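**Q** Use the sequences and the hints to build the structure in full.
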Amino acid sequence: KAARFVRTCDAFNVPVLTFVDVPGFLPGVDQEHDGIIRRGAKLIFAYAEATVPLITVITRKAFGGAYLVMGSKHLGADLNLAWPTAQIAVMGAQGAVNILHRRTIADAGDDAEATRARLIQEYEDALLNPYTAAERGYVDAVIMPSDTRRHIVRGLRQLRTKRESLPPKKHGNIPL
Amino acid sequence: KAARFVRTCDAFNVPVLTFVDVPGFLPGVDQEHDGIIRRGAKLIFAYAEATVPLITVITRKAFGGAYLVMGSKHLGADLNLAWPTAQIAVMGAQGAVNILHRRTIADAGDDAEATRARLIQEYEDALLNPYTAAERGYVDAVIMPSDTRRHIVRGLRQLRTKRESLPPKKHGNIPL
Amino acid sequence: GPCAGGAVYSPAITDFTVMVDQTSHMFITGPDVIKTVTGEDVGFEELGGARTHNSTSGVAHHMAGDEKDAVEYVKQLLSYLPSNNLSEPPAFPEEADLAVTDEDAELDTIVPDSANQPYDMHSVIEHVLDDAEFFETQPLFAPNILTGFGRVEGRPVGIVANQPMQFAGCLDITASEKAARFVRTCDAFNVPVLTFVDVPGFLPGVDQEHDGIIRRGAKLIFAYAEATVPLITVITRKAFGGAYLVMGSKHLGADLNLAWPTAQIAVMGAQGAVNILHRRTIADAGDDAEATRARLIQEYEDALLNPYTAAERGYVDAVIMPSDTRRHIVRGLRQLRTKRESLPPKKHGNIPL
Amino acid sequence: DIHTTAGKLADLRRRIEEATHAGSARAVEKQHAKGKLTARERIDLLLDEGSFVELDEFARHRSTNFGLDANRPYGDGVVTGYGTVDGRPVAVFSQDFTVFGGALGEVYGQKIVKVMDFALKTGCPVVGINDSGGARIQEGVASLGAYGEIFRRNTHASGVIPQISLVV
Ligand SMILES: O=C(O)CCCC[C@@H]1SC[C@@H]2NC(=O)N[C@@H]21
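Residue numbers (the deposited numbering), protein chains in the order written: chain B, 355 to 530; chain B', 355 to 530; chain A, 178 to 530; chain A', 10 to 177. A prime marks a further copy of an entry chain.
It should be emphasised that the hints constitute simulated quantities derived from the structure, not laboratory data.
C-beta atoms are modelled at their ideal positions from N, C-alpha and C, and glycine is treated no differently.
Keep in mind that a hint or two might mislead.
[Stated by the list, open to error] In silico DMTMM-like pairs for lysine to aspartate or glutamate, Cα to Cα no more than 25 Å straight-line: (1) A:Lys-523 / B':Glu-518; (2) A:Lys-212 / B':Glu-467; (3) A':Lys-17 / A:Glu-272.
[Unchecked claim] Here's a subset of chain A' near chain A, in silico, CB distances under 10 Å, partners left out: (4) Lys-17; (5) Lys-45; (6) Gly-92.
[Unchecked claim] Not close to chain A': a few residues of chain B, all C-beta gaps over 12 Å, as computed: (7) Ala-400; (8) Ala-404; (9) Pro-438.
**A** Written out as structure tokens, the structure is:
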């Protein structure tokens with residue numbers, strides 16, 4: 355749905371405004387059988403291809419591959435904004451602390467789920483925010499959500515004379 | 355100083371207006387040691403390179419290589435003007451009559467410097483003006499200095515839609 | 178012959194000037210004039226004779242003993258170049274045998290144990306090229322850097338190198354201009370450029386910073402960054418501060434950046450780093466002050482005056498055993514030779530003059 | 010013998026040994042026991058014997074999160090460079106499962122940019138050998154940002170220079 359819409363408005367020179375609130379990809383054995391892997395790629399391939407001004411705003415949740423998909427700066431989005439309630443991380447706390455604690459949780463099952471619930475709170479407090487992405491300039495700014503309509507205006511004003519192209523080719527080879 | 359300024363205003367499509375009053379190059383053994391020959395070339399190379407409208411006005415003195423340098427028509431300056439008090443010549447009278455009289459001056463040192471001062475006056479009267487350059491269309495017009503602000507206006511009006519390019523190249527190789 | 182007056186600004190524009198000792202002169206203004214202007218008395222030979230253009234002005238490329246030579250040098254210059262900037266420079270392809278010769282091995286030695294001992298870069302060049310043939314330009318002018326031509330696999334290549342023997346191999350106004358307009362030449366003609374790196378920095382003085390190093394040292398940086406044509410670098414010894422950047426670094430776009438074990442790649446020399454870092458641990462207890470400081474120097478040089486940081490962060494593709502260099506540059510300029518790269522639309526740049 | 014040219018050649022033979030054997034000698038035994046080959050053994054069997062020219066062989070990570078800076082393996086868990094397949098140029102990466110489970114990180118992403126950008130530049134195929142546990146979680150968002158910059162230069166390439174993924 356979103357891939358073909360992005361293409362359309364990148365063929366006919368219409369700027370794209372994204373809004374980002376995505377926990378991740380739907381988990382199922384259908385999704386995988388029916389070729390998520392090829393048919394979720396399409397969106398990444400549309401973003402990276404598109405050379406009409408891109409402005410992204412992460413409202414809340416942005417974890418793993420889905421963060422990348424959704425008009426991230428990595429795929430050549432111009433101006434990437436994040437609200438204070440944006441959480442930008444490899445993957446949910448629980449999943450993270452299951453892999454980057456695994457030991458000191460397996461230790462003493464006496465208070466397993468417990469020390470692990472604590473660890474989940476910690477990791478959420480430390481990295482479940484847009485402040486590491488900020489540090490590294492993956493998101494231009496962290497903004498106060500009220501200031502989302504100013505940034506979009508001022509950003510598009512600049513962005514309109516964007517000149518950007520992809521290397522010479524008859525056509526790409528996007529996933530079908 | 356002047357080479358880099360001309361380039362700048364030929365890269366960013368700003369027309370150049372020259373004014374010409376130059377006896378020649380500073381004589382010294384420093385100037386030559388320190389590479390005048392490479393570093394005076396730069397100005398010629400900027401003039402000939404530049405494809406934004408060029409309009410030159412010789413006010414007074416324009417002799418030899420320096421005449422060529424200073425936005426001359428030879429290096430593809432559009433419209434070249436000269437005031438009545440322009441003097442446009444291979445080289446100063448004295449130097450000229452020293453070479454193109456040498457004989458009939460060496461004759462009879464009885465009145466050497468004398469016949470040579472006369473000859474200097476003659477050559478100044480004959481060729482120390484913009485009237486041979488005119489004849490040959492090296493300067494479009496000879497103008498009355500008051501009429502220097504009209505010609506510059508009317509000339510730029512025309513000149514703005516100037517289309518001119520240099521043969522295909524990655525870049526030139528100007529003197530450094 | 179003579180080239181006098183404005184005339185001189187024809188041969189100036191031109192890529193390469195050849196001039197023959199004692200029978201060819203250039204000058205914008207004759208000795209006669211400059212007497213009765215400037216009270217100074219000067220002969221033609223000194224004013225603008227071959228040697229004086231070759232060594233001093235930086236105007237000429239070569240000074241041949243006789244005409245016959247000079248003509249032969251001109252035919253040598255054509256050899257390396259294409260007929261025009263739409264073809265790639267005349268080749269006679271050979272395929273080189275990249276088993277490690279006894280010439281190759283010699284590299285593995287020819288960086289002395291003492292940092293200070295010099296060693297002729299002319300060797301390290303001739304090692305890598307076909308038949309050990311180096312065709313040097315502008316030898317007499319800025320000896321502290323070496324520019325010229327040869328062949329690798331029968332294909333032309335342009336060479337820029339710092340020459341320890343002279344000034345320690347420090348870059349100076351004169352070397353930066355000589356190198357800058359060699360690179361630009363090679364680039365415009367599509368000839369590839371191979372850069373050998375020994376450079377402890379830029380040769381200090383007040384003059385240098387009046388004359389305008391700032392502008393005229395920049396030239397070389399501009400030339401590298403502009404260049405499309407294959408750029409292979411090799412750091413033998415010293416690479417400090419900006420003068421690292423200058424010398425065909427990756428940050429400017431150099432394709433393949435090698436570094437020998439001997440390479441030292443670091444912001445600035447260790448005494449003049451340890452200074453600025455340890456200026457409140459060398460202030461504490463003026464008693465045994467130096468004993469510490471030349472400690473903290475001898476830790477800096479053992480920690481950071483090596484290739485390996487710039488390796489970790491992929492500023493030099495590979496740290497290589499000096500023997501190996503004529504393999505890397507071979508099997509580099511195989512791949513490269515279909516390099517396709519260009520710089521934004523523009524009537525011309527604006528390089529510092 | 011270290012302060013001495015010879016010593017500094019015999020250093021860079023030591024770190025070549027350490028770099029080519031990044032992965033530990035149970036991790037390689039585990040990989041073989043799973044019927045898999047090791048990333049280097051993959052690269053040989055692809056490329057024409059002797060071509061290989063390995064780039065960023067002495068790469069090392071710069072993450073000090075979750076005590077990941079306890080070990081900085083040379084290569085950072087991928088083998089990258091250039092050579093010839095059938096006497097035609099081709100740039101290759103081989104992810105190393107031995108090293109950090111083969112999880113992607115920042116550095117070992119930016120190596121698989123350098124190869125890509127070298128292919129695009131020269132106009133030559135990229136053959137990507139894949140064998141990884143996933144993202145290097147210790148390096149958080151960093152190891153996403155690496156993925157993105159690959160997935161931009163897989164699209165930019167697309168239709169220009171052949172891209173073949175060998176999933177192993
Ligand atoms: O060797 C000599 O003849 C003296 C050195 C300079 C001679 C000058 S250069 C201009 C003028 N034209 C000539 O043929 N000789 C002099």
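**Q** The structure should be examined with respect to each hint, and the outcome stated for every one.
**A** Verification of the hints:
no.	hint	result
1	A:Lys-523 / B':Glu-518	14 Å, holds
2	A:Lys-212 / B':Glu-467	19 Å, holds
3	A':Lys-17 / A:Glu-272	32 Å, violated
4	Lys-17	4 Å, holds
5	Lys-45	27 Å, violated
6	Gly-92	8 Å, holds
7	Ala-400	9 Å, violated
8	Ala-404	10 Å, violated
9	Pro-438	17 Å, holds
Checked against the numbered hints given earlier, the structure breaks hints 3, 5, 7 and 8 and satisfies all the rest.
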